[PDB]
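Please put together the full structure from these sequences, using the hints given.
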Amino acid sequence: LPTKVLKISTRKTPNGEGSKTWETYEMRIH
Amino acid sequence: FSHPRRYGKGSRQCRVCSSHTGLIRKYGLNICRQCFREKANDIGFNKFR
Amino acid sequence: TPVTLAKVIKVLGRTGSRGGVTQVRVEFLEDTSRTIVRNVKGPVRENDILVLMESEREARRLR
Amino acid sequence: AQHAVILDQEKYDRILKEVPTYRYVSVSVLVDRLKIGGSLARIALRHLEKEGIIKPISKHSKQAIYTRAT
Amino acid sequence: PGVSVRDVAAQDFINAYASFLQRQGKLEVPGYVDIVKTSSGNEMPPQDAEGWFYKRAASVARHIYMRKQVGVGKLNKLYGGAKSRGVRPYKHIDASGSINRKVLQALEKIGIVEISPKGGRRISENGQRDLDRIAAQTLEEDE
Amino acid sequence: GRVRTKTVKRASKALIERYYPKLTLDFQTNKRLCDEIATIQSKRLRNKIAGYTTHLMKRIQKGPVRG
Amino acid sequence: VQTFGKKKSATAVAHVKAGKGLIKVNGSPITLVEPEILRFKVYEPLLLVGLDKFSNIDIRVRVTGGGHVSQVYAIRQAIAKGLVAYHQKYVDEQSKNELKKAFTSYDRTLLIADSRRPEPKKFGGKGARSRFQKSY
Amino acid sequence: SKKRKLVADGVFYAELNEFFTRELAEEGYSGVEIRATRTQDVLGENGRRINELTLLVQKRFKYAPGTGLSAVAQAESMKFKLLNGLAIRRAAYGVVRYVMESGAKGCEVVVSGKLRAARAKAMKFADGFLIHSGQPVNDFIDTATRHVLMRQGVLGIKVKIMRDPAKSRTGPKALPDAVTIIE
Amino acid sequence: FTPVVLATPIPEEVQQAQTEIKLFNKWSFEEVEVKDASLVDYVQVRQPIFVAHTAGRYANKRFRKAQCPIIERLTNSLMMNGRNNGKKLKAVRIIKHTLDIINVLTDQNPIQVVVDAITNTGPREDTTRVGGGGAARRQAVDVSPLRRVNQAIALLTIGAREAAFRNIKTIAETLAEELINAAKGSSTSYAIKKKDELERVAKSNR
Amino acid sequence: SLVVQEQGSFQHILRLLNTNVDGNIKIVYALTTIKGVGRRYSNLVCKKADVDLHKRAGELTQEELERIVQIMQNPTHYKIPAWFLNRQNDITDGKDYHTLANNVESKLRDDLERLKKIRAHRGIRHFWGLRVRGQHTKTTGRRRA
RNA sequence: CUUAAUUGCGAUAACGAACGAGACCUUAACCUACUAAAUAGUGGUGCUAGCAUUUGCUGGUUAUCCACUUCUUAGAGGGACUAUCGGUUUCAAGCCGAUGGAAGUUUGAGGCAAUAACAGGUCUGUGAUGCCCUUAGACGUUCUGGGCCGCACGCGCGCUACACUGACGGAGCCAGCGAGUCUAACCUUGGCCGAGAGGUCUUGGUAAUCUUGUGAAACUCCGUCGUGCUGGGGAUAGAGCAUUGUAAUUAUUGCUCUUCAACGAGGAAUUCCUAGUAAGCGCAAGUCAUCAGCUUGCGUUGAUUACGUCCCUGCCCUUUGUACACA
Ligand SMILES: [Mg+2]
Ligand SMILES: [Mg+2]
Ligand SMILES: [Mg+2]
Ligand SMILES: [Mg+2]
Ligand SMILES: [Mg+2]
Ligand SMILES: [Mg+2]
Ligand SMILES: [Mg+2]
Ligand SMILES: [Mg+2]
Ligand SMILES: [Mg+2]
Ligand SMILES: [Mg+2]
Ligand SMILES: [Mg+2]
Ligand SMILES: [Mg+2]
Ligand SMILES: [Mg+2]
Ligand SMILES: [Zn+2]
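Residue numbers (the authors' numbering), protein chains in the order written: chain uS10, 58 to 87; chain uS14, 8 to 56; chain eS28, 5 to 67; chain eS25, 36 to 105; chain eS19, 2 to 144; chain eS17, 2 to 68; chain uS9, 7 to 142; chain uS3, 6 to 38, 50 to 83, 95 to 210; chain uS7, 20 to 225; chain uS13, 2 to 146.
Read the hints as simulated data drawn from the structure, not as lab findings.
Ideal Cβ placement from N, Cα and C applies to all residues, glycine included.
It is possible that part of the hints are untrue.
[What the hints assert, rightly or not] Straight-line alpha carbon distances no greater than 27 Å define the calculated BS3-like cross-link-like pairs of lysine-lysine that follow:
hint: 1; chain 1: uS13; residue 1: 49; chain 2: eS19; residue 2: 38
hint: 2; chain 1: eS17; residue 1: 7; chain 2: eS17; residue 2: 32
hint: 3; chain 1: uS7; residue 1: 45; chain 2: eS25; residue 2: 90
hint: 4; chain 1: uS9; residue 1: 106; chain 2: uS7; residue 2: 80
hint: 5; chain 1: eS28; residue 1: 11; chain 2: uS7; residue 2: 84
hint: 6; chain 1: uS3; residue 1: 132; chain 2: uS14; residue 2: 54
hint: 7; chain 1: uS13; residue 1: 27; chain 2: eS25; residue 2: 70
hint: 8; chain 1: uS3; residue 1: 200; chain 2: eS17; residue 2: 7
hint: 9; chain 1: uS10; residue 1: 69; chain 2: uS9; residue 2: 127
hint: 10; chain 1: eS19; residue 1: 38; chain 2: eS19; residue 2: 103
hint: 11; chain 1: eS19; residue 1: 38; chain 2: uS13; residue 2: 27
hint: 12; chain 1: uS9; residue 1: 132; chain 2: uS7; residue 2: 80
hint: 13; chain 1: eS17; residue 1: 59; chain 2: eS17; residue 2: 14
hint: 14; chain 1: uS10; residue 1: 64; chain 2: uS14; residue 2: 33
hint: 15; chain 1: uS9; residue 1: 59; chain 2: uS7; residue 2: 45
[Stated by the list, open to error] Far from chain uS14 by the CB rule (all over 10 Å, computed), these chain uS3 residues:
hint: 16; residue: 30
hint: 17; residue: 31
hint: 18; residue: 64
hint: 19; residue: 65
hint: 20; residue: 72
hint: 21; residue: 75
hint: 22; residue: 116
hint: 23; residue: 151
hint: 24; residue: 153
hint: 25; residue: 166
hint: 26; residue: 169
As structure tokens, then:
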């Protein structure tokens with residue numbers, strides 16, 4: 058089967074200061 | 008001592024905080040983003056690229 | 005707008021404060037003992053062909 | 036509004052005696068030689084398209100290309 | 002000479018054979034042609050005034066012929082271009098669905114198409130007739 | 002650039018300090034030689050671990066070398 | 007004897023065999039192209055080569071993906087990687103060797119499955135490499 | 006669904022350990038799998065804790081009447108030891124004294140907070156060989172981090188260990204640098 | 020001229036362009052003559068393209084930038100202004116559009132006069148400047164080969180759309196007598212009205 | 002079309018009910034230049050008032066505008082549906098109206114001075130000169146005058 | 001010297017080492033190969049629809065048969081090593097070409113990440129929180145209503161543009177990335193009412209099956225308006241119909257008609273950028289009861305130019321000076 062990645066793009070910081078850096082976690086099913 | 012609060016953000020609360028802030032209503036988990044990454048890897052959500 | 009020519013031999017180096025201007029050693033076909041360095045704004049490299057407007061008064065390291 | 040309303044039979048001769056000596060004329064060239072505007076003559080140049088002394092080239096859209104008979 | 006509508010390409014087949022249902026007499030238009038716009042995302046009407054749909058119909062019969070059923074939705078998704086939303090960006094607006102509804106109730110009003118089992122509109126045996134009728138006559142005219 | 006690390010080379014010198022008899026004089030012929038005699042945990046490392054043993058023997062005919 | 011034709015997201019599964027004669031693109035034959043400008047682009051897999059006797063062709067090509075241009079390359083490569091693939095285990099070789107020679111002296115992405123693919127978007131930026139205008 | 010499902014495999018798998026280093030910590034918890053440090057006080061007074069909340073596992077979580096080489100076990104191994112009271116100077120070297128000759132490559136322990144109320148002590152205690160980093164760390168480390176709540180200024184540990192890649196016990200057999208042959 | 024069709028409609032007005040006098044897709048491609056020594060090997064012409072849309076890997080490296088036809092490289096030097104960057108098919112339609120306009124005046128075959136219209140086009144010498152910081156001392160250097168093609172194939176659009184802004188005449192309707200002007204060395208064009216001007220700094224700075 | 006001849010047929014610009022309507026531009030777009038009628042409006046009125054809009058109001062006559070000047074002075078009669086016109090449901094007589102003339106603002110300041118006549122906040126703001134419609138008057142429309 | 005790099009050649013009072021970089025890991029490509037399927041895609045048959053009609057054109061056949069692994073997808077793996085040969089090396093380390101070519105900027109793009117820092121941001125994420133302040137006319141929690149958006153004004157990320165490579169109008173019709181409903185209302189085909197907004201009616205779909213070929217847009221083919229601020233422009237502004245929601249007033253949002261403001265390519269400045277890049281285009285997902293001119297991504301279309309230097313702005317390594325060590 059084709060696998061579908063589950064992606065949750067959330068910004069890396071709790072507050073709203075820094076550079077606007079994001080990061081995508083994956084869930085890889087099969 | 009209560010009035011209609013059916014939908015919206017006052018409706019949904021964080022599982023770990025009841026924090027109405029930062030909700031992520033994706034995949035039926037319902038936690039805020041401040042909150043999630045702390046409890047991230049233990050769900051099988053990892054980082055590859 | 006007059007006439008004359010020369011053309012390329014082999015690259016040596018860059019100049020200009022910004023490193024844009026390049027000058028390099030090239031040669032004239034007829035009477036082949038002809039050679040002196042010369043800067044050209046555009047891109048050159050081994051065996052291209054020059055274009056000027058005067059015959060011979062060369063430039064040197066652009067400060 | 037500036038020049039060329041719809042009428043001018045005043046020097047209507049240039050309809051045909053236009054196309055040679057500068058081989059090329061086409062769609063906007065209509066407004067070139069101190070003549071017209073472009074809304075009552077945009078459709079003009081198939082009067083001689085169907086008969087005369089001129090030569091076909093193109094069938095684009097937004098365009099035109101034509102020189103006289105050779 | 003071995004002819005299919007799927008052997009003559011885009012508006013060759015539709016912007017000329019609309020002459021034929023241009024030519025089928027029965028006016029069949031519910032009283033709003035010259036006075037509509039074909040979709041929500043449009044600022045001025047079609048331009049063939051007493052027409053534009055004597056020619057729109059064929060595009061319906063165009064896509065329906067070639068493969069199986071299409072429907073109400075799948076033909077709002079074509080004529081909906083980029084909308085001048087105002088001073089906001091463009092979008093894929095959705096084309097009209099009501100003119101695309103007696104696009105069919107006035108389409109069998111000459112009988113060319115049928116309806117579909119899977120939910121839709123499948124090309125009819127009489128539909129296969131006429132479009133293979135119309136395409137076999139246009140080529141022996143010009144090259 | 003194009004310049005291999007020390008684990009590419011310090012291995013490549015430890016090959017032929019006692020294994021002067023062996024090897025070939027080029028890459029394809031030779032690269033299933035390198036899946037052969039180390040516990041290389043990378044298809045791509047021994048891939049390039051032959052790209053450096055290239056010239057150790059390509060200029061075996063132009064002078065033995067360092068160490 | 008079958009192949010693919012790939013420029014981008016558009017992959018033209020290229021049927022070829024000694025078949026029927028048509029020049030199809032998902033739909034209708036060479037009839038229905040309609041760039042009508044770049045119409046001449048799929049016109050270089052069989053013109054510096056034999057011009058015809060292809061009533062025994064399988065020139066079905068379905069370009070599902072890409073775009074109008076994405077898929078024009080996809081079918082001339084679909085033909086390339088499938089016409090040259092006819093004379094590979096079906097018919098003589100020294101005309102495959104001697105007209106894929108005529109391809110590559112003019113090669114325009116024929117049997118070259120194009121290595122060039124898009125780049126992901128990097129956050130904090132308009133598209134992939136561009137960024138937001140710097141504020142001070 | 007299936008997406009909203011395999012998440013719920015894990016997001017149920019998650020809140021558990023929120024409920025585990027809260028209730029079974031003093032009773033010596035290591036990790037769900050139930051990995052543990054101490055293991056009687058998890059059962060209870062022959063029955064006091066075994067079922068005190070399996071009976072609450074249901075009447076909260078929709079059920080019915082009837083259905095030292097790890098850091099997360101070592102970052103609380105002796106997190107008690109601090110809030111009970113010892114020197115934070117030698118106690119920390121004890122744990123990296125401990126695991127290191129347990130055939131283990133590398134270990135590292137930090138304590139962050141107010142030793143004395145200032146811009147706050149952050150001293151660090153290492154020992155051994157700690158690969159970091161690339162992919163070979165996900166394989167070879169364990170690190171835990173537990174907030175320590177003492178009466179004047181919260182502090183916090185960040186323990187790290189590493190598996191001896193030689194006696195690996197699973198997966199890769201050594202560092203991906205590995206080189207060796209015979210003379 | 021090999022007159023044959025196969026089982027699909029081939030108007031043979033097409034199987035004619037190349038197993039004949041193999042010309043352009045519609046123009047005599049062989050009397051293709053360069054009018055200058057400034058730019059040979061640096062304008063590509065011959066071999067030809069049928070369509071000026073070879074989407075090849077020609078800017079991958081440094082100086083493969085010009086081994087595709089000058090027909091091609093000027094395709095690209097036009098489609099810009101943001102509104103039409105990208106969008107290559109609005110360009111190559113017009114090049115094979117007005118390539119016809121060139122075989123009109125004194126027929127002279129369009130692409131013969133194209134490289135005749137890189138005679139007077141880019142610069143003979145511009146004058147780069149010296150570091151300093153001040154009066155902008157620019158000591159003159161003569162031109163290199165590829166920037167009397169490249170910035171000649173750019174000094175043909177640097178201000179060539181300024182005669183299409185809120186005015187009437189179409190884009191393609193232009194270049195033939197900019198073409199001949201660059202082939203004739205005129206008084207009114209851009210590409211020669213501004214190389215002479217790129218050398219109002221001409222024989223002053225040596 | 003083609004050669005249409007004519008010497009003085011066309012009374013270009015010709016006053017369509019107190020509007021200067023110049024002739025060189027087509028009639029459907031010449032009444033853009035008329036109040037209360039826009040690009041769409043003169044496509045309906047000039048289409049069911051049965052005059053082929055391939056042409057110019059300048060050329061036409063004093064006649065074929067005459068029945069445009071009525072089929073929209075009261076479009077409620079012959080084949081003009083009930084939303085192509087400014088003032089539906091009038092708002093005081095129900096009788097559907099349209100505002101055309103040097104009168105659009107003489108009706109677009111009829112109510113822009115009636116809830117400006119009864120203490121409605123939705124008028125107060127274009128009275129004070131600000132963008133009424135819940136728009137951020139902070140960053141934009143600052144000069145405007 | 002050289003490299004993206006304390007990357008290496010070399011030189012050497014160093015020698016041999018470990019961390020960092022690298023290796024490692026994810027992804028976008030190619031395999032005509034083994035391993036593969038009405039959930040994928042293609043021929044083909046008991047046969048069925050239409051043009052020409054000595055057999056092809058184009059299909060149709062949701063519990064009608066037969067085939068295939070080329071496409072797709074992806075299990076196991078293969079393959080790029082700068083391989084080979086030139087140009088320049090010095091002795092090399094290597095850098096600029098060329099052919100092979102699926103693949104030449106580390107193959108492209110990323111994930112990780114040393115030793116140390118800094119009163120940097122978050123108590124407005126945490127049932128993380130020391131200590132204080134507070135704890136019954138409460139700063140706790142709630143109910144009602146308003147406010148964060150309020151405009152002589154400056155500024156920052158932006159969207160719609162100034163129009164003839166354009167706008168309007170048929171129309172050809174091309175993606176890829178992706179999400180979706182049990183104590184329930186999520187993804188809506190397909191009907192049908194509608195001017196559209198929307199209504200209504202079923203229906204498929206817990207999802208390679210249905211929505212979905214998300215029949216996207218730029219686009220583009222065919223027409224149209226001939227350069228005013230004119231329709232370019234859609235701002236302000238009036239009137240009417242809907243959709244969410246106890247609740248849309250200070251327009252949530254949409255569709256229709258009238259309105260039609262600058263703006264005529266933007267000063268001093270300033271940003272981003274080297275290849276499927278810039279840029280244009282629209283699409284999903286997050287947000288979401290609702291609402292994009294936002295965000296994270298995505299593919300369609302695809303250039304110019306350099307494949308270089310310190311001139312500016314900055315950073316790193318040496319040398320040097322110091323009365324600084326709070327540096
Ligand atoms: Mg709260
Ligand atoms: Mg359009
Ligand atoms: Mg508009
Ligand atoms: Mg600034
Ligand atoms: Mg400032
Ligand atoms: Mg690394
Ligand atoms: Mg701080
Ligand atoms: Mg705010
Ligand atoms: Mg501003
Ligand atoms: Mg619906
Ligand atoms: Mg407006
Ligand atoms: Mg935002
Ligand atoms: Mg500097
Ligand atoms: Zn939370």
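So, going through the hints one by one against the coordinates:
1. For the hint linking residue 49 (chain uS13) to residue 38 (chain eS19), the alpha-carbon distance of about 16 Å falls within 27 Å, and the restraint holds.
2. For the hint pairing residue 7 (chain eS17) with residue 32 (chain eS17), the CA-to-CA distance comes to about 19 Å; that is within 27 Å, so the pair holds.
3. A hinted pair counts as satisfied when its Cα atoms are at most 27 Å apart, and residue 45 (chain uS7) with residue 90 (chain eS25) qualifies at roughly 17 Å.
4. Using a Cα cut-off of 27 Å, the hinted pair residue 106 (chain uS9) and residue 80 (chain uS7) holds, with the two alpha carbons roughly 26 Å apart.
5. With a CA separation close to 20 Å, the supplied pair residue 11 (chain eS28) and residue 84 (chain uS7) stays within the 27 Å bound.
6. Restraint check for residue 132 (chain uS3) and residue 54 (chain uS14): the C-alpha separation of about 25 Å stays at or below 27 Å, so the hint holds.
7. With a C-alpha separation of about 20 Å, the suggested pairing of residue 27 (chain uS13) with residue 70 (chain eS25) holds against the 27 Å cut-off.
8. For the hint pairing residue 200 (chain uS3) with residue 7 (chain eS17), the CA-to-CA distance comes to about 22 Å; that is within 27 Å, so the pair holds.
9. The hinted pair formed by residue 69 (chain uS10) and residue 127 (chain uS9) meets the criterion: a straight-line CA distance of about 17 Å does not exceed 27 Å.
10. Taken as a hint, the residue 38 (chain eS19) and residue 103 (chain eS19) pair is honoured in the structure, with Cα atoms around 16 Å apart against an allowance of 27 Å.
11. Note on residue 38 (chain eS19) and residue 27 (chain uS13): the hinted pairing holds, with a Cα-Cα distance of about 20 Å set against a maximum of 27 Å.
12. Among the hinted pairs, residue 132 (chain uS9) with residue 80 (chain uS7) is consistent with the structure: their alpha-carbon atoms are about 26 Å apart, no more than 27 Å.
13. Distance hint between residue 59 (chain eS17) and residue 14 (chain eS17) is fulfilled; the C-alpha atoms sit about 14 Å from each other, no more than 27 Å.
14. Straight-line distance between C-alpha atoms of residue 64 (chain uS10) and residue 33 (chain uS14) comes to about 10 Å, which keeps the hinted pair within the 27 Å bound.
15. The straight-line distance between the Cα atoms of residue 59 (chain uS9) and residue 45 (chain uS7) is roughly 26 Å, inside the 27 Å bound, and the hint therefore holds.
16. Annotated as non-interface, residue 30 (chain uS3) keeps its C-beta farther than 10 Å from every C-beta of chain uS14; the closest such distance is 17 Å.
17. The claim that residue 31 (chain uS3) is not at the interface with chain uS14 holds, since no C-beta of that chain comes within 10 Å of its own (minimum 22 Å).
18. With a minimum CB-CB distance of about 28 Å to chain uS14, residue 64 (chain uS3) clears the 10 Å threshold, and the non-interface call stands.
19. Taking the minimum C-beta to C-beta distance to chain uS14, about 23 Å, the non-interface status of residue 65 (chain uS3) holds against the 10 Å cut.
20. Every C-beta of chain uS14 lies more than 10 Å from that of residue 72 (chain uS3), the closest at about 17 Å, which supports listing it as non-interface.
21. With 10 Å as the threshold on Cβ separation, the claim that residue 75 (chain uS3) sits away from chain uS14 holds: the shortest Cβ distance comes to roughly 18 Å.
22. At the 10 Å boundary, the C-beta of residue 116 (chain uS3) stays outside the reach of chain uS14, the nearest C-beta of that chain being 30 Å off.
23. Distance check on residue 151 (chain uS3): its Cβ is at least 23 Å (rounded) from any Cβ of chain uS14, clearing the 10 Å threshold; non-interface status holds.
24. Listed as outside the interface, residue 153 (chain uS3) is consistent with that label: its C-beta sits roughly 24 Å from the nearest C-beta of chain uS14, beyond the 10 Å cut-off.
25. Under the 10 Å C-beta cut-off, the non-interface status given to residue 166 (chain uS3) relative to chain uS14 holds; the minimum distance is some 13 Å.
26. Interface exclusion of residue 169 (chain uS3) from chain uS14 stands, the closest Cβ pair being 12 Å apart, more than 10 Å.
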